[PDB]
Amino acid sequence: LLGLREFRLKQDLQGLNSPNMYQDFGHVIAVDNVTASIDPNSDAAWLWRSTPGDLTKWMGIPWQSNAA
Amino acid sequence: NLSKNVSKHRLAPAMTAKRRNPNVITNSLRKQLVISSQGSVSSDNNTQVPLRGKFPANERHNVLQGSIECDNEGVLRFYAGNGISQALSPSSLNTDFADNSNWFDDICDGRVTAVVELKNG
Amino acid sequence: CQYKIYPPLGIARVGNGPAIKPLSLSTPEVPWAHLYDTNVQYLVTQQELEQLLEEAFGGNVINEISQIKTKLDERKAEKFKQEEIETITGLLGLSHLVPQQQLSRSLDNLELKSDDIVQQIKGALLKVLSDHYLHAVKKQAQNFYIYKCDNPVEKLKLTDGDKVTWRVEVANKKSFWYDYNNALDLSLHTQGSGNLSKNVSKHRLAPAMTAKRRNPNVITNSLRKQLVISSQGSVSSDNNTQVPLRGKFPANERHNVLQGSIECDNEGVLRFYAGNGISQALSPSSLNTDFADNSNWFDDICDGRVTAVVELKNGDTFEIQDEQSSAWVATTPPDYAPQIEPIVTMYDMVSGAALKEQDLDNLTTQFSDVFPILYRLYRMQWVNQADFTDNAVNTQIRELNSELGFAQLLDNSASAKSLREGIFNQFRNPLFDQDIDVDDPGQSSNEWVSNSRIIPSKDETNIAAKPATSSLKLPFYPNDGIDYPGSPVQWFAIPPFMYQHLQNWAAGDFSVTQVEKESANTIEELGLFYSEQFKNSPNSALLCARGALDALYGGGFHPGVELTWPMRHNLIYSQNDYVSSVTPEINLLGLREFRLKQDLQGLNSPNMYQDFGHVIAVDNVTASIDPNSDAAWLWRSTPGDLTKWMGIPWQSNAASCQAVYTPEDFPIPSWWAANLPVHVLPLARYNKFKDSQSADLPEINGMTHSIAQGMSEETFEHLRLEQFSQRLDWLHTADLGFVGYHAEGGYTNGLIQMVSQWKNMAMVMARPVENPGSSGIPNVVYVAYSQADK
Amino acid sequence: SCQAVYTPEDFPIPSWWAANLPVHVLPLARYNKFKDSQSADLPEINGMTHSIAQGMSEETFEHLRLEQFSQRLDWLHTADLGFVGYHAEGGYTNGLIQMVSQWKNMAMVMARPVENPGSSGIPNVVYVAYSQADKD
Amino acid sequence: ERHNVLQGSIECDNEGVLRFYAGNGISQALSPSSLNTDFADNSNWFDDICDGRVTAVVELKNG
Ligand SMILES: [Mg+2]
Ligand SMILES: [Mg+2]
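One line per chain: the protein sequences are A, B, C, D and E, in this order. Taking the authors' numbering, the leading residue of the first sequence gets 613, the next gets one more, and so forth. Using the authors' numbering, the letters of the second sequence correspond one by one to residues 205 to 262, 278 to 340. Using the authors' numbering, the letters of the third sequence correspond one by one to residues 4 to 116, 121 to 157, 161 to 262, 278 to 815. Taking the authors' numbering, the leading residue of the fourth sequence gets 681, the next gets one more, and so forth. Taking the authors' numbering, the leading residue of the fifth sequence gets 278, the next gets one more, and so forth.
It is worth saying that the hints were derived from the structure and are not from the lab. Please note that a few of the clues may not be correct.
Claimed, not checked - Once the Cα atoms are required to be at most 20 Å apart in a straight line, the calculated DMTMM-like pairs of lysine to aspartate or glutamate come out as:
{"no.": "1", "chain 1": "C", "residue 1": "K222", "chain 2": "B", "residue 2": "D318"}
{"no.": "2", "chain 1": "C", "residue 1": "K784", "chain 2": "D", "residue 2": "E689"}
{"no.": "3", "chain 1": "C", "residue 1": "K713", "chain 2": "D", "residue 2": "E747"}
{"no.": "4", "chain 1": "B", "residue 1": "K222", "chain 2": "B", "residue 2": "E336"}
{"no.": "5", "chain 1": "C", "residue 1": "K134", "chain 2": "C", "residue 2": "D111"}
{"no.": "6", "chain 1": "C", "residue 1": "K208", "chain 2": "C", "residue 2": "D462"}
{"no.": "7", "chain 1": "B", "residue 1": "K222", "chain 2": "A", "residue 2": "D636"}
{"no.": "8", "chain 1": "B", "residue 1": "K212", "chain 2": "C", "residue 2": "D644"}
{"no.": "9", "chain 1": "C", "residue 1": "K167", "chain 2": "C", "residue 2": "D315"}
{"no.": "10", "chain 1": "C", "residue 1": "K24", "chain 2": "C", "residue 2": "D315"}
{"no.": "11", "chain 1": "C", "residue 1": "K222", "chain 2": "A", "residue 2": "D644"}
{"no.": "12", "chain 1": "B", "residue 1": "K222", "chain 2": "C", "residue 2": "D315"}
{"no.": "13", "chain 1": "C", "residue 1": "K79", "chain 2": "C", "residue 2": "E67"}
{"no.": "14", "chain 1": "B", "residue 1": "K222", "chain 2": "C", "residue 2": "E67"}
{"no.": "15", "chain 1": "C", "residue 1": "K381", "chain 2": "C", "residue 2": "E618"}
{"no.": "16", "chain 1": "B", "residue 1": "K212", "chain 2": "C", "residue 2": "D636"}
{"no.": "17", "chain 1": "B", "residue 1": "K208", "chain 2": "A", "residue 2": "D624"}
{"no.": "18", "chain 1": "B", "residue 1": "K222", "chain 2": "C", "residue 2": "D644"}
{"no.": "19", "chain 1": "C", "residue 1": "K483", "chain 2": "B", "residue 2": "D318"}
{"no.": "20", "chain 1": "C", "residue 1": "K338", "chain 2": "C", "residue 2": "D248"}
{"no.": "21", "chain 1": "A", "residue 1": "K669", "chain 2": "B", "residue 2": "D315"}
{"no.": "22", "chain 1": "B", "residue 1": "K235", "chain 2": "C", "residue 2": "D315"}
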């Protein structure tokens, strides 16, 4: 029945007080940012190490618009 | 989940995206756009703690991102907010499916940790 | 390489005036030739139409009418008769201008019962001609010339057995191409050019956005060809009958699109007229509510390939087809202030495109390299409120002129360096590194944040704005980076090479001749002299290549007015070399020989219909740099490639080319006011300051003659100045959706109404004030004419 | 809604109730560019640097004063009524919507002195509209 | 300016019965930007609906 898995997210251990809590890429985000983020040493890699709010920040603001 | 033909053959190119609420400039001022809160419950109490933040962050609306509870058997119960979305000005209408400036909602996500402190030490 | 065509890039502008010489205009062939000419008529005049009627009754016309009328009353009429009207009509060569069917129906219902039914005819034909063309925007045609070369020496002169054949092929690809969001070269890695600093891309100040397709519901390349309008024609020096360039949309429901008209005279020169300004959707319900990307729309803009073949009596033939000898033609929106030059021009873009930013400090500067910036900025006052009442440099120039002190600016010694630096320090640096605080240095959050005044997005956030600490640099016009509040590139800066001239000027690093100093007591004196230097310059071929482009805008580019950002890259030229000063002693920014990289196969190129899939991005431009790339065709223009970038229809783009208001009322930023004005001096005002208190008119400046002479001289002059000071929103010079009770007005309605009203917008013309007195009103003023305007 | 009603003819512009809801006003920003005389001793005079102000002719200095005096501003533009910002729609309806919050930021017209109008033709008393966007 | 409007068409067969056809259902504004956003009252539009008066004269062979 498609199995049971043990999985867990990458986390910034510092949470609200992580220095990447407020990171971004300047005026625009593009796929090239995402390409850079692949390398776990780059300065884009924080994209995958979730600080609080990193999983929902993508979605429609406010969510009701997105649901309509 | 995703076949490499999408990228490789350019089937649906990623578009560049601009900032939401773009008139807020510099990283220091844009920190005002983030709603955040935190709290702790433990098995000895079970009184419920609200996760209540501000927007813009510390005019200024209180935003209940969620609520937490521990029972005596030591399970955390986590409730989400009331489903309240609002713009800082009533004349600001949410006309795009995804990107509306001047708006906040009480969605959230974050980090769950715990300490187990046994009778012996 | 023995014959060439000039200009290399010809410009023709649309207009609803007819395509005949007496009622049309010519693209300038000598820069600054008529800046103060108070006899210009850019709108078809009553006089002009009356004149064209009379020579239409030349000459056996009065006679066939008296004759037809004696043959008439042996019957005693009444009216005329098809074959009878079909008789007068077609002795007045007028079916070109107006449909045969409409002349006939104009006489058909006349009433008659000698040299006097002529006036009822002459009169009924006048008001149909008038109904069509009175006040019409004259077309600006481009004349194209063959020069003999050794490198051009003298126009081609045809002797009896010689002929010259022109051929022209054009296209419109606006509806086929991609959305315009911003300029792709804003994220394009460069060494820097004279036009664009490498900082813009290097420090990510205005990232290029991806752009999707226009008319995205037409899929597969084959079917999208229907979105491209194209046409072609030939004319030779033997005939001089005009040919239409007429295509169809969608391509072979179905509208006829007149893209232009070509004529050739017997001397061998080709005249090219643009279209009538007709833009239309396939369905009336499809509104052009976007500044640039409207699906279901076509317009009659076009651009394409100009070639020729010279055939001598002896039988030698010369094909002018290669890219060093050929030319290009593009059509554009009208110029509604032809005597007000954009501050930076498309010709300046050609000049800057050939310099590397690294070597700008090895540039030599005369004062004539700097005067265009000062003079052009000074003249923006006639089309832009900010440059009339809010510009500290234009006021300092008026200060100098008021003491005949302007020649102080041409002083390169150290006693004037304070003077020069004060003016230079007010200009925006196109490094875009002044007046910024580096946010989050080192992080991907790295960002140059302007500490000057930003231009907010309409998407407001009720959080207090960060206070501006630095002052707003000139000029006060939006730029390619407008979409990004906080970016330094939101505001226009003159291009790096032209700011370099300005930097050398400030330093004292410039030369200037004494004879310039002695004609420099006011800025108008010096511009008048520089204008004679253009007149007497011997190199007409290079001057007409420069004049074709010196009235086109060269920034900002969002997308712009006539052409856009690919014109600032050396890649788009097959040739771009300096050849000389305008004068042996006076540079005035130089004369260049340049030519476009052209696809020698024209409408038949395998890349006539190329794109990049579902989006275009800067990556496709970055790949274009390599000429063996499958992207390199971007720079090898096939017909329709220069204008495809621009807004569809262009009326949408023109209605967006206005003020961008900021939370602070003043100064008001405006895009492109030299060619699409923003605040104009309307005829209604002109008629209230043109007159002196002694003028012989029963009505003087709008007052009764009694009232006018009863007030003091002081008060009379004051009422002039106040009236000279009433500047009107250019957008209000016709009905752009704000007229009438509870009219919405607003931005979109302006876009929607401009499709029909562009031909009624106020046109700016020099006009005289014969007796300014002590009023402070100058001897030449620049007046906006429109029907609503007076 | 109680503002200008435009006709196909540009002038005169009709206005409903201008004495109480002004239509075209003299903003503070202009007042600060004609109120001073040339003999004023400040670093900046009528918006110019001392040096520039004192260097022009008396006639020119005064003309610049009356040009400034002559610049009238749409009363609706003395605050953000929905026409501010890149691609802001503007228009009548956004005026109505924003007037509910913005009414309190609209220019207030108040008599102000011109101590030494000299020859410029500006009266000793002028009525200046004050608001934050107004002010320069 | 000046649009033609087909309000209808008429036929008569040899037994004297008249056939009346309405128009083609073309509606149009004098300017394309005049959109008909009201259910009943749009200015600058015309349509090809009509109504009018039908009459005849029978002429017999005897006079
Ligand atoms: Mg111009
Ligand atoms: Mg009152």
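Against which earlier hints does the structure fall short, listed by number upward? 4, 9, 10, 14, 17, 22
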